[PDB]
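Number of protein chains: 4
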Amino acid sequence: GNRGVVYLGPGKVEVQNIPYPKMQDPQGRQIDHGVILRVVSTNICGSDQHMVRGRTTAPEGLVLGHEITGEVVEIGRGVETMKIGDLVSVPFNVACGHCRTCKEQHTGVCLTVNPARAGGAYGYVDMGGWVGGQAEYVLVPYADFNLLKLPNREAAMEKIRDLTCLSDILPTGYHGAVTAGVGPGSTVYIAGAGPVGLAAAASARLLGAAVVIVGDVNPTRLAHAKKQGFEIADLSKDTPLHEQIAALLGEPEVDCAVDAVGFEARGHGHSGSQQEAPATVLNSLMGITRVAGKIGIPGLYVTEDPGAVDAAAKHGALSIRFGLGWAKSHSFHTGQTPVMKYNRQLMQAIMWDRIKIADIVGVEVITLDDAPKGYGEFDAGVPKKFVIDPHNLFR
Amino acid sequence: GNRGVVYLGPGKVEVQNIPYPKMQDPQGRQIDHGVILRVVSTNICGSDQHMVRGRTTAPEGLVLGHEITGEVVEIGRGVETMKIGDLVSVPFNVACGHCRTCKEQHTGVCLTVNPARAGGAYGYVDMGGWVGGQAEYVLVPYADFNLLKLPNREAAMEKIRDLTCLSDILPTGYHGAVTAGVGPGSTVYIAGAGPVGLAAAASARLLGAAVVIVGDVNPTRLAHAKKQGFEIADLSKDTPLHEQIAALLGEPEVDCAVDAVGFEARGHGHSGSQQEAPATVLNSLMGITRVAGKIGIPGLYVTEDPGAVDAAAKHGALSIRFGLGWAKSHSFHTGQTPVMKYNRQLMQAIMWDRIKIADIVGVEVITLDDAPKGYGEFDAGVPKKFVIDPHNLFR
Amino acid sequence: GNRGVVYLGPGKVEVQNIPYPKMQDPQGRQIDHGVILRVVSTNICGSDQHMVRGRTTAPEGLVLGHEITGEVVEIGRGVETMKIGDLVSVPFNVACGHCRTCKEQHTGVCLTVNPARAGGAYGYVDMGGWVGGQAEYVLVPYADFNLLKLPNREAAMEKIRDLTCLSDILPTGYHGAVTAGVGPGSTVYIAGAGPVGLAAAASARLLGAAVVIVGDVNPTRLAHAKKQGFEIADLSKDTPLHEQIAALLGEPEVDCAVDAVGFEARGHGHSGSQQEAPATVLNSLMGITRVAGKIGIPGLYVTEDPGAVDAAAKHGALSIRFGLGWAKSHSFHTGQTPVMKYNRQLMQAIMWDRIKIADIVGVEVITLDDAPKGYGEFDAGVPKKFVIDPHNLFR
Amino acid sequence: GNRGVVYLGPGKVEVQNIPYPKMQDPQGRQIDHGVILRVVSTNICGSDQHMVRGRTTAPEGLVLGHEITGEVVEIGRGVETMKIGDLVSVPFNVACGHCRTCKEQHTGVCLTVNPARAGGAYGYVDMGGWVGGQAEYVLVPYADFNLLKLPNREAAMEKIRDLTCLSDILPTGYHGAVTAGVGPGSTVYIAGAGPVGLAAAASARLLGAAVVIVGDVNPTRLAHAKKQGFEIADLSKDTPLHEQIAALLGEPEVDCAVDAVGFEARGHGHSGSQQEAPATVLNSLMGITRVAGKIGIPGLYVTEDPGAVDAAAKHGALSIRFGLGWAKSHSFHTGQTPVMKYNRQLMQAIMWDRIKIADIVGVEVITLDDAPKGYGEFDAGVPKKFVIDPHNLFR
Ligand SMILES: NC(=O)c1ccc[n+]([C@@H]2O[C@H](COP(=O)([O-])OP(=O)(O)OC[C@H]3O[C@@H](n4cnc5c(N)ncnc54)[C@H](O)[C@@H]3O)[C@@H](O)[C@H]2O)c1
Ligand SMILES: NC(=O)c1ccc[n+]([C@@H]2O[C@H](COP(=O)([O-])OP(=O)(O)OC[C@H]3O[C@@H](n4cnc5c(N)ncnc54)[C@H](O)[C@@H]3O)[C@@H](O)[C@H]2O)c1
Ligand SMILES: NC(=O)c1ccc[n+]([C@@H]2O[C@H](COP(=O)([O-])OP(=O)(O)OC[C@H]3O[C@@H](n4cnc5c(N)ncnc54)[C@H](O)[C@@H]3O)[C@@H](O)[C@H]2O)c1
Ligand SMILES: NC(=O)c1ccc[n+]([C@@H]2O[C@H](COP(=O)([O-])OP(=O)(O)OC[C@H]3O[C@@H](n4cnc5c(N)ncnc54)[C@H](O)[C@@H]3O)[C@@H](O)[C@H]2O)c1
Ligand SMILES: [Zn+2]
Ligand SMILES: [Zn+2]
Ligand SMILES: [Zn+2]
Ligand SMILES: [Zn+2]
Ligand SMILES: [Zn+2]
Ligand SMILES: [Zn+2]
Ligand SMILES: [Zn+2]
Ligand SMILES: [Zn+2]
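Residue numbers (the deposited numbering), protein chains in the order written: chain C, 3 to 397; chain D, 3 to 397; chain B, 3 to 397; chain A, 3 to 397.
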C-alpha cells in the first residue's frame, strides 16, 4: 500500500497508487544504510511547480516531493542511530556522506548518488532517480548521515507546522541570506514573495537585519508579506525598483540581496510583469546591491528549459549585465542548498520560539487527495505553503 | 616641468610635456594629505591597452598610467609618516582611508574620491580624474593611507624589477587566486597568459598549488608560460579545453579557476579564436571548475564598450551560461583589486625570494620615449611586461 | 572653562576644572587631523572601575572617560568630513587610520598612537596619554577615520540613551558574541551581568540565539537580567554552574560562551563568591562550552595588577586549566574591541528598533556633579549604566 | 597471526603477539562498516612518547600506534568504496561520519566513537579503546568515511616515505600553521623541532611563508632544521627568544606562531632548559607574536599528567601570562587535528613534488622488531621520524 503525487505532463498531476518503498538504490542494488518512513508531513515546492509547468526535462510518471518529515517504520541492517518510531526531518538533498563534497559540507552536490551529475534529491529532475516523497511512505538512503532527529514526539508534533519547513524552505531561505552576507543591521532586499522568498525574509529578520524589503509582481503575496511585518516593493506598478527602495531607505540600494525567483522570472512594470524575462532578477540585483556587496541566489537556474523564451534561454544562457556587477565588485553565490549545514540550529530556533516560520510562509495543511488541487492554488499564485498530512496524523 | 604618455584616440599614444603635479585634487581643491613623487618605475597594463584601443569611454588627452613606484620629493602639510627621499610603491587604487569601504579594506571601491561612481585609480576611465603616472612626476593623495614604504633603498633598487609589480599586477593576480580559493595542493586553471594571468599563476605557485595550467589563444605567450614551468592549454587548437585538462590531470576538472582575460575575450578553436566573443571565458570556466568551486575574476569587464560585438555587449551584457554554474553551485568573485590588502605580504615574499615575479611576467625596462613603441609591441601580443624608467634611474 | 572626572587614588574621584582641549597630541605636538567636541553624553565603564579601585597602574590625576558622544565645536585644518555642530559617536579606541593594524580593522591595537604599546584609547591606563572625555569638552584625533556621524539631530537626540552605547559597550558585547561564534539557534552563556555582559546578551538575542543565559554573583544584576527576558545562573548559590545550565538546557553545555567579567573575577558559591579568583571565569567557560566551541573574552585582563591575590596574578599570570580546553578543541578570542568594525551596523540596528540597548543595560542619566556618586553606586553593584549629560542637553 | 607494539609501563615497550582484528567495535559489537588492513607503514609519534614515558593515564597492555598506511585485505559487508587490494592512508582520528562534529569537519572530536569523551584515535589514552596500529594488521572502522585512497599502487609506494606522513604529522603541522594564520609572505615562529614542528615548518613553506624560524632546546634537532633550510633559534642559550628573532628579522616579532611542544615543555636558558616548565612555550609565544596575531597549538595538553612538576600541572592547570596575550589581542587555537580536513590536498602536493616532507622530518625506515630500539633513540632526542615497515614491503 503506497500512493503519491505523480507528474503526468504540463499542468497535470494526480494521486496514484505507487509501489511501497524498497531498500535499494535507483539502479536496483540492495542497500543496508536506508530507512523507510511513514510520512507525517510532506510539502509542495516552487521547484515542483517548475516541473509541473513543463519547464524542465522531467519524465511523465515522476513521483514528486522532496520536503519530507517522517517516522521510521523500517530500518536497514547497517543503520546505527535510528529506532522504529523515531521522528525525523529529511533534508531534500540526497547525500552519501563519504565523498569529497559531502565531507566538505557541500551535501547539495554529492559525487556518488547520481550517475548523471553531482547532487541528488528526491522526486526531482536530473537528481539521481531517487523516488519522491509526496506519498504515504518513502525510502531515505544514508539515513545515519542525512536525517535530523526531532525532539520528543509531543513537543515536535505540537510544532509540526514549523518543523516541516526544515526539509527545504527554511534552510534554503537561510542559505540565501547568509551567502548574501546578512547580519545584524543589514538592509536586505529579497526578490520573490513565494514560500522561499518569505523564508529568506524570516531568516534575514532572525539574523538581525535592520530592514527587510520583499519584492514580487504578485500583489496578494505582497499583501501577505506586509501583514508579516516586511517592507514591500511592487514590481507590477510602473515605479522602478530603485525608486521604491529609495522611498523606503533614502538611497536606492541595499547591503544584501537574495534572488528567490529563478528561471521563470518576469520583468517589471505594467506590461513587463506580464512578460517572461529570466535575466531580470539577476540584473536588477546587481543594480540595487551596494559596491562590494554579495548576491545570494537560492532561485533555481537550469541547464535546459523546454519552455523558455528563446534559443539561448533553452540552454540556460542569459543576457546578464556582468560589467555592472564587476564594476560594483559583486560576488555571487549559487546552487542547491546544503540543508544539513543549517537544519539543526534552525530547529533550535523554532523550538525556542525565535522564528514563527509557519505563520510567515502561510502554511496550509491538506489531505493527500487534495494535493493536485493544492498545486493548482499554488500555481494560481496564492500566498501559501501547502503541507500534505497523508495519514491524517495532525490535521 | 614634467612629461608623460598621452592618449590621442584609438591606437594613438605619444609622450608630451604635461604640468608638474599640484597639491590639489581633480576638482582643484588644495590637499594637505598628498605627496608628489619622482617616478622611479612605471608600468604599462592590459587595462591601458583597453583604453588605447578605443574600447572604453576614455577621452582624448588623458595622461596614462596607474602602476607607479616613486621617491617622495614633496609632502603636504598633514602627511605624517612619509618623508622626503622615501622610496614607495603606489597602489593603483586611489582611496580615501576614511569612508565605509576603505575602512573595510574594499579600497578598490572608495566612496569619496570619485563623483562618477565608487572607486578611483590614476589615469583610468571612470576613476575620478586622478592624473596618470606614466610620467616623470606624479601626485599621490592620501599618502599616509595608500603608500607602501619600500626597504632601505639599496635593497629595494636591487629588486626594483620585482617590486614594480606590487602597484598593480602581482596583487591583482593574487586577488584572483585567493578568491578562487587556491591553496596548498590546489589544481588551478588560469585564462590569460598576459602579465596579469602570469601573476595569477605565480601567485598560485606561491600559495602552494599542486599544478597550475595557463590558457591563451596566443601561442607565443603560452611558450613563455611554459618556459616559466607552468602547464598550458592552447585555445586556438580545436581540442576542447576539458580534453586538454584531462590529458594533464586525468580528469576534466580543476579545483580553482581565474579569469584573467576580461571583456576582449576571443572564442575557442582555429576559427573561433580569430573572433571576439566576450562571454567565452566565463562560460568556459563554469565548464571546467568542479562543483562547489570558486571562480576568481580579476580580468576587466565594463558597463560600456563602444567597440563591442553586439548591442548587448556594448552595455556590458553577456550571454552567460548561468544555469550551468548554478547547477554546479559555483561562486563568482569580481572587481577592482584592493591592492593594499595584499601588497605588504607580497613585498615580504619578494624580499625573501619566495617569488620571482619579474622573470615570470617577462619584465622589460624601457625609456619614456620608447613608451609608444612598447604599447605597439604589447598590443601585438609579445610575451612581455613593459616597465618605464623615466629618469633612467636603474636601467 | 572645562571640567572632568579625575582619578585621585583608590576609591577616589572628583569633578575638577581642567584645561580646555588643544589641537595637539599627548606629546604636545600640533595636529591638523583632530576635532574638539562639546560633550553630549559620556558614560561610566567597568574599565573605569578597575582603575578607580586602584587595580591598575593608572596615575593620580588621570582624567577619566572613553565613552563619548559629542558635537563638533572646532575643526583642525586637515579634516575633510566634519562640520561645526555635527553630532558624532566616538569609538573608545584612538586609532591612526594608516598603520598595519588600523588598515586590517584591528583598530583596538593601533601601532602609532601610543609610545608604550600597540593600542590607544581615552583616559585609560597604558593607552597613550589621550585625555579622557568624562568632561565638558574633549579632543578626538584622527577625526575623519574614527568618528561615526549620527542621523538628523532630531532623530539622534531622541534616541540618545541608546546611541551613547556605540562608543564602547554595545560594540564590545557584540564582538564578544561574534568571536564566540554566536548565530541563529545558538545556546549562549554569558559571564557577567554588568552593562557589558548585558550588551553581549542583547547582541546574542540580536544575532538570533535560541537561548541566552547570563551568570553573575550579584543577585540584583541577575534580577535585572531576568526582567529583560534572559535566563539566569546565580553563582552565589551553592549549585554549580554545570548543574544550573543542565537544569535549563538538559545538557551541561552551551555552543558559545562570552567572558564579560575580567581580572577581578570572584569564585563560585556561598563563600567562593566572596573570594577573588581571577582564573575562575576562564576555567568555568572551558567546562561548559561544548567541544570545538569558541570562547569570546571581552572582559579586561592586564599585564599588571597591583592589588591581585598573589605574586603570579600581579603580573597577569593565571592558573588556567588549559588542558581541559585543549582536550575540547576550544579557541580563544581576546582583547580590546575594534569598535569601528561594528558601530555603523549597530547604529542601523538601533535606529530601526531591532535592539533596545538602553533599557537592557539600564541606562541612568546624571549630571557631571553627580558623577562621583555614580561611580559609587556602580561600584556598589547597582544594575545600571551611568550616562553623564554634562551640559544638560537632554536630561 | 598478528603482533605489535605493546606498552608495559613507564619507559618500557615490547613487540607481542596480539589477536587478529575482528569486525567489531571496542564494546564487542559487530560492525559492517569497517575494513581490515595489512599494515604497509606505521609511524612512531611524540604522542606515543608521552604515553611511554608514563606521562598519561594510559593502561598497561595498550597496543600502540595511530599512524597507519595499509592495504585492504578484508571489507565489512556495508562498505561501498573500498575493495580488497586498495592502498590507503588512515587518519589517526577515529570518526563516525554521522554525528554533529563529524559532519562539520571537526573529525578530531567525534561524539560517538568514545564513551569517555568526544574524540577517538587508535591506541591512544582516553580515545575510545580502538586498538593501535604499530602492528601487522589493524581494524579501521567507518572505512568509507575515514580512509584516503592512494593511486596506482606503484606511484604510491615509490613515495611511501612521504605518504606515510599523511596519517598524522603532516596534517597536524599543517593545522597548526593555518590556524596560526600562515600565508604567503608570513613570518613564522615554530616552537619544537620534533617531527611535528618540522612538519609545521614544511607546511609554512608550502603555504608560501617569507621566513620560518624553528626553536628547540635540542641542538642536534636544530642542526637538522637548519640543514633543511629553515632558520633556527636555540632556546638552550641564555639569549632571550625575542632577541634571537630580532637578530634574524630586525624586529622582535613574528606574524604567526605555532606551539609544537605541548605539556612536557622545557624552560629556556642554560639552566631553564634542563628543567620542565609546562607554561613556557605558551608564555613565550604571547611574547613574540604581533598584536592581533594568531597562535596555533597542535602540541598536546592533557587534563591529567601523573608526572607533572606541580599539583596544578598534574591537573592540566598552567601558570599562563594571559594578561599579556589579552593586551596583544591574541587568538589561540587548540586541539586534536581533524586530519580529514587536509589530507586530500596534502596528498596532491606530495604527488606533485610541492613538498618533500620525508626529507624534512627525517624519516627512517625500520622493522617491527626494531620498534623498541626506535622508541629509545627517539626518546634520546635524535632528529628522526621512525617509520615501521612490518611486512618488509619497501624497506
Ligand atoms: N537553491 C535551492 O535550494 C532552492 C530550493 C527551492 C526552490 N528554489 C527556487 O527558488 C524559487 C522559490 O520557489 P518558491 O518556493 O519561492 O516558488 P514561487 O515560484 O512561488 O516563488 C517565486 C516568486 O517569484 C515571483 N517573481 C516573479 N518574477 C519576479 C521578479 N521579477 N521579482 C520578484 N519576484 C518575482 C513569482 O511571482 C513568485 O511569487 C523557485 O524558483 C525554486 O525553484 C531554490
Ligand atoms: N582586477 C584588477 O584590478 C585588474 C588590474 C589590472 C588588470 N585587470 C584586467 O586584467 C586583464 C588582463 O590584463 P593583462 O595585462 O593580463 O592583459 P593582456 O591584454 O596582456 O592579455 C590578456 C590575454 O587574454 C588572452 N585571451 C583572450 N581571449 C582568451 C580566451 N578565450 N582564453 C584565454 N585567453 C584569452 C589574450 O591572448 C591575451 O593574451 C585586463 O582585462 C585588465 O584590464 C584587472
Ligand atoms: N575588551 C574590551 O574592549 C572591554 C570593553 C569594556 C569593558 N571590558 C571589560 O568587561 C568587563 C565588563 O565591564 P562592565 O562594564 O560590565 O563592568 P562590571 O565590572 O560592572 O561587570 C563585571 C560583573 O561581573 C560580575 N562577576 C564577578 N565574578 C564573576 C563570575 N565568576 N561569573 C560571573 N560574573 C562575575 C560582577 O558581579 C560584575 O557584575 C569589565 O572587565 C570591563 O573592563 C572590556
Ligand atoms: N594536535 C595533534 O593532534 C597532535 C598530533 C601529533 C602530535 N601532537 C603533539 O605534538 C608534539 C610534538 O610532536 P613531535 O612528535 O614532533 O614531538 P617531540 O616530543 O618529538 O618533540 C617535541 C620537541 O619540543 C622540544 N622542546 C621541549 N621544550 C621546548 C621549548 N620550551 N621550546 C621549544 N621546543 C621545546 C623537544 O626537545 C622536542 O624536540 C607532542 O606534544 C605530540 O604529543 C599533537
Ligand atoms: Zn524545494
Ligand atoms: Zn556524497
Ligand atoms: Zn593595471
Ligand atoms: Zn574611501
Ligand atoms: Zn569601556
Ligand atoms: Zn594606527
Ligand atoms: Zn601522533
Ligand atoms: Zn562522529
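Because the hints were derived from the structure by calculation, they are not lab data.
Treat the hints loosely; a few may be bogus.
Treat identical chains as interchangeable: a pair holds within one or across any two.
[Claimed, not checked] Derived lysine-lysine pairs resembling DSBU-like cross-links, with alpha carbons at most 30 angstroms apart:
1) 358 x 316
2) 316 x 14
3) 386 x 161
4) 228 x 239
5) 161 x 229
6) 161 x 14
7) 239 x 161
8) 151 x 296
9) 151 x 343
10) 358 x 24
11) 296 x 343
12) 105 x 229
13) 14 x 24
Cross-check of the supplied hints:
1. 358 x 316: Neither way: residue 358 and residue 316 sit 38 angstroms apart in one copy and 47 angstroms across, limit 30 angstroms.
2. 316 x 14: within (22 angstroms within a copy, 43 angstroms between copies)
3. 386 x 161: Only inside one copy: residue 386 and residue 161 sit 18 angstroms apart there, 38 angstroms across copies, limit 30 angstroms.
4. 228 x 239: Within one copy, since 16 angstroms is at most 30 angstroms while 48 angstroms is not.
5. 161 x 229: both (22 angstroms within a copy, 27 angstroms between copies)
6. 161 x 14: Neither: 32 angstroms inside a chain and 57 angstroms across chains, both beyond 30 angstroms.
7. 239 x 161: neither (38 angstroms within a copy, 35 angstroms between copies)
8. 151 x 296: between (33 angstroms within a copy, 25 angstroms between copies)
9. 151 x 343: Both. Shortest intra-copy (14 angstroms) and inter-copy (26 angstroms) distances satisfy the 30 angstroms Cα cut-off.
10. 358 x 24: neither (36 angstroms within a copy, 50 angstroms between copies)
11. 296 x 343: both (20 angstroms within a copy, 18 angstroms between copies)
12. 105 x 229: neither (41 angstroms within a copy, 38 angstroms between copies)
13. 14 x 24: Classified as within: same-chain Cα gap 27 angstroms, cross-chain 55 angstroms, threshold 30 angstroms.
Taken one by one, the earlier hints fail for this structure at numbers 1, 6, 7, 10, 12, listed in ascending order.
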